[PDB]
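So the chains spell out like this:
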Amino acid sequence: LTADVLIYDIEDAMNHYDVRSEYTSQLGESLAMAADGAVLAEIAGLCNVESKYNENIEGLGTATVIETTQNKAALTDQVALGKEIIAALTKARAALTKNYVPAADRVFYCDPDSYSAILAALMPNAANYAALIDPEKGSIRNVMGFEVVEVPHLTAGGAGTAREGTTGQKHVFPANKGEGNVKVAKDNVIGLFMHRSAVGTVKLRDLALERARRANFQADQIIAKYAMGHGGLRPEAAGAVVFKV
Amino acid sequence: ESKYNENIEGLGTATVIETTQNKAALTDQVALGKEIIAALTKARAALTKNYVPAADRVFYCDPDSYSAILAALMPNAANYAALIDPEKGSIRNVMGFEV
Amino acid sequence: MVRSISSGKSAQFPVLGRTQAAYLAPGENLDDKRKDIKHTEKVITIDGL
Amino acid sequence: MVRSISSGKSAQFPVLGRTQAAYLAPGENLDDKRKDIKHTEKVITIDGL
Amino acid sequence: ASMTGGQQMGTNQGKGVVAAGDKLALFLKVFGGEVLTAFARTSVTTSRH
Amino acid sequence: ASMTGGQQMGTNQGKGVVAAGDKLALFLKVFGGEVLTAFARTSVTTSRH
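Protein chains in written order, with the authors' numbering: chain L, 100 to 344; chain X, 149 to 247; chain R, 51 to 99; chain D, 51 to 99; chain P, 2 to 50; chain V, 2 to 50.
Worth flagging that the hints you see were computed from the coordinates, not collected in a lab.
Treat the hints with care, since some could be wrong.
[Claimed, not checked] DSSO-like, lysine-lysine: derived pairs with alpha carbons at most 27 Å apart: (1) L:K282 x L:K343; (2) L:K324 x L:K343; (3) L:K282 x L:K151; (4) P:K24 x R:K83; (5) V:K30 x L:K269; (6) L:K324 x R:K85; (7) V:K24 x R:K83; (8) L:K236 x X:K151; (9) L:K282 x L:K171; (10) L:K285 x L:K182; (11) P:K30 x R:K92; (12) X:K151 x R:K85; (13) R:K83 x L:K324; (14) L:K197 x L:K343; (15) L:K302 x R:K92; (16) L:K151 x L:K190; (17) L:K343 x L:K285; (18) L:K171 x X:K182; (19) X:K182 x L:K182; (20) R:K59 x R:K85; (21) X:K151 x R:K88; (22) L:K171 x L:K182; (23) X:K190 x L:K343; (24) X:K190 x X:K151; (25) L:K190 x L:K276; (26) L:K302 x L:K171; (27) L:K151 x L:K269; (28) L:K282 x L:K182; (29) L:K285 x R:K85; (30) R:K59 x P:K24; (31) L:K282 x L:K197; (32) X:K151 x L:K182; (33) R:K88 x L:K324; (34) L:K269 x V:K24; (35) R:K88 x P:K24; (36) L:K190 x L:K343; (37) L:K285 x L:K151.
[Stated by the list, open to error] Among chain R residues calculated to face chain X with C-beta under 8 Å, some are: (38) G67; (39) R68; (40) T90.
For every residue, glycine included, the Cβ atom is placed at its ideal position computed from N, Cα and C.
Given these sequences and hints, build the entire structure.
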């Protein structure tokens, strides 16, 4: 998997500056980013959406939890939501420790607006005495032993088929929730929690680019590429948080 | 402009609307304060989702809005007393921002 | 932030952005699809005395 | 703010207007439009024993 | 009012252009000496895996 | 649009595979790293009563 670009020598002949560098930068960025999106999509769907198939015989179930109230549009109050996100996270601690995953090394992921729902959930106003947070730069501090990494790019991550983000990408996040059957979806989703491994990536051929001069079009091209796998393992610790209905 | 949001990409240059109605039913001046603190948070979100570096930010407002935040915070509403020096009029940084 | 110019009328700036990663199913044509990340200017004119 | 003086019946102080600038058309004259700072004065009156 | 003698360095003039206005017209644009690159997007999940 | 042919070391073929719909691949899968043990539990009680 890869992308590339090509520079015509005439169009590059008359113009200012340089480029040819920040292009390569854009390559590396696009690639690592795509990898991340693919991973999140994978832990989200694969360790969840599977039907009747759970890890081993033991009953370690993943099993992300439902939410209070309903109607992903019901609130939009920016508060009265974040509290439910707190309650949610506590339920995550609950459903996680049934599977014995130890050490408080756990990590959590959340999309930006909901991160700000946690922000607005505490605040000087409403709520009560300061505990976790501090103003200025919200890092939060921590919570129950997860931590929020503030990921703006959610869903997506497929990066399959054509350069355009549609038409049969590989690792997919389903369009809508109900269907015949499926659980986590695009429209209703909040955050994805894990410990680590919990997931895996193997890589071969590493990461490299090459610059190949081209003839008939009197141009050249720069192509950066790599190959690595993505797969789930031990669903025993994994899951998400999601709105009702 | 309605359209012409430069190129086509993750830059939405969002603006933030509010609740109640305009000025008319709004201001006892301590409702607007809380509401607009929340608005500031939401704005921080709408800015973050487009990336850009953390901190290194500046927030401009009118003196009325400023003093309105000041009057929202300290007594009678908020708890635990953060983000401000009560005995002075200069607010510290609130979210990642410089007011 | 500001920065000075000399001489001519107005200042121009280039802007380029992002990309979208893709897959290659061997064998295939690497040159059959490109999105051409394009570009655009940003023009700012010194007004007058 | 308190300032001690001597001699006569009363004291005065002026003030000023803190003006505001404007553009200039090319190759045209500024003698057409300007406004001074408009500095006017105000006075206090001493009373007696 | 105005001054005469004109001469208004940058302007179209020439034989037949007329158009009566736009005294900027021909001048160089020296850009900024600086390009705005696509905003830096750095990603998480590097570690923790 | 494509290239029909190649070395294609996958898709083992063979004389007696009919029709053996195209798949990837013939080459061997390899174990890696260390195995996953189930997580051990904790003493909990009996260290108290």
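Structure-based check of each hint:
1. Between the alpha carbons of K282 of chain L and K343 of chain L the distance comes to roughly 11 Å, so the proposed pair stays at or under 27 Å and holds.
2. A hinted pair counts as satisfied when its Cα atoms are at most 27 Å apart, and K324 of chain L with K343 of chain L does not qualify at roughly 41 Å.
3. A hinted pair counts as satisfied when its Cα atoms are at most 27 Å apart, and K282 of chain L with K151 of chain L qualifies at roughly 12 Å.
4. Distance hint between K24 of chain P and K83 of chain R is unfulfilled; the C-alpha atoms sit about 47 Å from each other, more than 27 Å.
5. Annotation: proposed proximity of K30 of chain V to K269 of chain L holds, straight-line Cα distance about 21 Å (limit 27 Å).
6. Only pairs whose Cα atoms come within 27 Å are accepted, and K324 of chain L paired with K85 of chain R is accepted, the gap being roughly 17 Å.
7. Taking the CA atoms of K24 of chain V and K83 of chain R, the gap is about 25 Å. The hint holds against a cut of 27 Å.
8. Only pairs whose Cα atoms come within 27 Å are accepted, and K236 of chain L paired with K151 of chain X is rejected, the gap being roughly 33 Å.
9. Distance restraint check for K282 of chain L and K171 of chain L: the Cα-Cα separation of roughly 15 Å lies within the 27 Å cut-off, and the hinted pair is therefore satisfied.
10. A distance of roughly 22 Å separates the Cα atoms of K285 of chain L and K182 of chain L; the hinted pair therefore holds under the 27 Å criterion.
11. Proposed proximity of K30 of chain P and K92 of chain R is supported: the alpha carbons are some 12 Å apart, at most 27 Å.
12. Of the supplied pair hints, the one linking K151 of chain X and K85 of chain R holds, its CA atoms being roughly 22 Å apart against a limit of 27 Å.
13. With a C-alpha separation of about 15 Å, the suggested pair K83 of chain R and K324 of chain L falls inside the 27 Å cut-off, and the hint holds.
14. Restraint check for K197 of chain L and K343 of chain L: satisfied, since their Cα atoms lie roughly 23 Å apart, inside the 27 Å limit.
15. A distance of roughly 41 Å separates the Cα atoms of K302 of chain L and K92 of chain R; the hinted pair therefore is violated under the 27 Å criterion.
16. Note on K151 of chain L and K190 of chain L: the hinted pairing holds, with a Cα-Cα distance of about 23 Å set against a maximum of 27 Å.
17. With a CA separation close to 13 Å, the supplied pair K343 of chain L and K285 of chain L stays within the 27 Å bound.
18. Proposed proximity of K171 of chain L and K182 of chain X is supported: the alpha carbons are some 24 Å apart, at most 27 Å.
19. Proximity of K182 of chain X to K182 of chain L is assessed by CA-CA distance (about 17 Å); at most 27 Å being required, the pair is judged to hold.
20. Between the alpha carbons of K59 of chain R and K85 of chain R the distance comes to roughly 34 Å, so the proposed pair goes past 27 Å and is violated.
21. For the hint pairing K151 of chain X with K88 of chain R, the CA-to-CA distance comes to about 19 Å; that is within 27 Å, so the pair holds.
22. Taking the CA atoms of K171 of chain L and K182 of chain L, the gap is about 15 Å. The hint holds against a cut of 27 Å.
23. Between the alpha carbons of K190 of chain X and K343 of chain L the distance comes to roughly 23 Å, so the proposed pair stays at or under 27 Å and holds.
24. With a C-alpha separation of about 23 Å, the suggested pair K190 of chain X and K151 of chain X falls inside the 27 Å cut-off, and the hint holds.
25. Simply put, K190 of chain L and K276 of chain L have alpha-carbon atoms about 22 Å apart, close enough for the 27 Å limit, and the pair holds.
26. For the proposed pair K302 of chain L and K171 of chain L, the alpha carbon gap of about 38 Å is over 27 Å, so the pair is violated.
27. Under the criterion of a C-alpha separation no larger than 27 Å, the hint pairing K151 of chain L with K269 of chain L is consistent with the structure, at around 22 Å.
28. For the proposed pair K282 of chain L and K182 of chain L, the alpha carbon gap of about 23 Å is at most 27 Å, so the pair holds.
29. Distance hint between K285 of chain L and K85 of chain R is fulfilled; the C-alpha atoms sit about 25 Å from each other, no more than 27 Å.
30. For a cut-off of 27 Å, the pair hint linking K59 of chain R to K24 of chain P stands: about 12 Å separates their Cα positions.
31. A hinted pair counts as satisfied when its Cα atoms are at most 27 Å apart, and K282 of chain L with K197 of chain L qualifies at roughly 21 Å.
32. Taking the CA atoms of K151 of chain X and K182 of chain L, the gap is about 37 Å. The hint is violated against a cut of 27 Å.
33. Taking the CA atoms of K88 of chain R and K324 of chain L, the gap is about 21 Å. The hint holds against a cut of 27 Å.
34. Restraint check: the Cα-Cα separation between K269 of chain L and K24 of chain V comes to about 17 Å, which is no more than 27 Å; the hinted pair holds.
35. Between the alpha carbons of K88 of chain R and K24 of chain P the distance comes to roughly 33 Å, so the proposed pair goes past 27 Å and is violated.
36. At roughly 15 Å between alpha-carbon atoms, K190 of chain L and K343 of chain L fall within 27 Å of each other, so this suggested pair holds.
37. A C-alpha spacing of about 22 Å is found between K285 of chain L and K151 of chain L, which places the hinted pair at or below 27 Å, so the restraint holds.
38. Contact between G67 of chain R and chain X, as hinted, is supported at the beta carbon level, the nearest pair being about 5 Å apart and thus within 8 Å.
39. With a least beta-carbon distance of about 6 Å to chain X, the hint placing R68 of chain R at the interface is held under the 8 Å criterion.
40. Hint status for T90 of chain R: holds, given a least beta-carbon distance of 5 Å to chain X, under 8 Å.
Hints 2, 4, 8, 15, 20, 26, 32 and 35, counting from the list given before, are not met by this structure.
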